[PDB]
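**Student:** This is what each chain is made of:
There are 2 protein chains.
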Amino acid sequence: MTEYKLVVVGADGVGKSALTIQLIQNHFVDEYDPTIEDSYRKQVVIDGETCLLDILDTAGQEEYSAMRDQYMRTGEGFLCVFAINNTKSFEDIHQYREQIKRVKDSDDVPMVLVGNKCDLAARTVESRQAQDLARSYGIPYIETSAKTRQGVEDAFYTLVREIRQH
Amino acid sequence: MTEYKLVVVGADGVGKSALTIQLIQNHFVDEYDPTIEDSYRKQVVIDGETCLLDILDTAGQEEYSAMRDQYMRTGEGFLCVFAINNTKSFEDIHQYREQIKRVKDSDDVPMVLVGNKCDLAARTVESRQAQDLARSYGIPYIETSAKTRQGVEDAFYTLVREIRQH
Ligand SMILES: Nc1nc2c(ncn2[C@@H]2O[C@H](COP(=O)(O)OP(=O)(O)NP(=O)(O)O)[C@@H](O)[C@H]2O)c(=O)[nH]1
Ligand SMILES: Nc1nc2c(ncn2[C@@H]2O[C@H](COP(=O)(O)OP(=O)(O)NP(=O)(O)O)[C@@H](O)[C@H]2O)c(=O)[nH]1
Ligand SMILES: [Mg+2]
Ligand SMILES: [Mg+2]
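Respectively, the protein sequence lines represent chains A and A'. A prime marks a further copy of an entry chain.
Residue 1 is where the first sequence starts when you use the authors' numbering, and the numbers rise one by one after that.
Residue 1 is where the second sequence starts when you use the authors' numbering, and the numbers rise one by one after that.
Incorrect hints may have been included.
[To be verified] Calculated cross-link-like contacts (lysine to any residue; reagent style SDA-like; alpha-carbon spacing at most 20 angstroms): (1) A':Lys147 x A:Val45; (2) A:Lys147 x A':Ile46; (3) A':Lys5 x A':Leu56; (4) A':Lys5 x A':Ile163; (5) A':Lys101 x A':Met72; (6) A':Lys147 x A:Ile46; (7) A:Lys5 x A:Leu120; (8) A':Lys5 x A':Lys147; (9) A':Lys147 x A:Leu120; (10) A':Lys101 x A':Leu120; (11) A':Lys88 x A':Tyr71; (12) A':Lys5 x A':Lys104; (13) A':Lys147 x A':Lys101; (14) A:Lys88 x A:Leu120; (15) A:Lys147 x A':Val45; (16) A:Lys147 x A':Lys104; (17) A':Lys88 x A':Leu120; (18) A:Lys88 x A:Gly60.
Read the hints as simulated data drawn from the structure, not as lab findings.
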């Protein structure tokens, strides 16, 4: 079967594991346990296509930055995640984009920009600036909430659709 | 506010009204009452953007074919719908594509190909041939079921994302 190797990349604390655990185990994780690298495989049917989602949950911590070049080489699509209440994570999203581009030696890499934690009333990054950023990148912009499960299948499935049209 | 004029086009019986009524009124319609043309306006928040979805539900019946040129001129994005248990509706989807292209005088029009009724066990159109068709068109392919509400917000929201990046 078709396997899709989807990498979740993003600063420390933005909710990566929390988007992968909602999708994989339908539970929101309230705790914070920092990831080094975690792999999840799930057979799913997306748009009638039976397939296997191989998902890598990576680290936000700059200690682990070294390993970035190894998983960007093997990933076919990247969820680039920032938290709507954290402007630095939003700015950091460019440090991943550039790095992914550079180890994959291409400008068009399948990617989705994900503004997570959209359940938070106290937002510092507005939709508008993240849409203009996704518009500049040429990728879809999806708001998500790992806690309400809002926008979660949507993000990962739109990523699958970006890899399919590439 | 941002308004998006989304046109639902597709052969007779494929489930257009049924996708618009699930989205608009969260009810599946079991009855068949043939549309001539229906407009639905709803203020929605998509990816944190408050906006208004202006939706036109059109006719499948070739009697009404004349009116096609008027609404294709004003629509900004088109849901092109076929039923998975009806190969002729799938073939018909090219007669709409070509017509839309031609009154809008452009090849890239925001559009999503939607294979509806995916709840049906007795499928005649396989994912694979509809994905290769969406892949040839350069548009996303979404399977939906107006009866289970599967893939319905996804289709209309991916259409909104196609209009936004255009
Ligand atoms: N309110 C809210 N909290 C969230 C959301 N997603 C994640 N969180 C919270 O954010 C904290 C960190 O989440 P986590 O998923 O570990 O983020 P991470 O990006 O994987 N951290 P790391 O880089 O170290 O691996 C946790 O307390 C978690 O519950 C969300 O949508 N909303
Ligand atoms: N099982 C199933 N039936 C569906 C689905 N969507 C619509 N239908 C059924 O298909 C029939 C026609 O649906 P309708 O929504 O009127 O299609 P239409 O494309 O709008 N017809 P028209 O071109 O004349 O306006 C109805 O009996 C309806 O309940 C679906 O996902 N699954
Ligand atoms: Mg993590
Ligand atoms: Mg109709």
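**Student:** Just pull the numbers of the violated hints for me, sorted ascending.
**Tutor:** Violated hints: 7, 8, 9, 10, 11, 13 and 16; rest satisfied.
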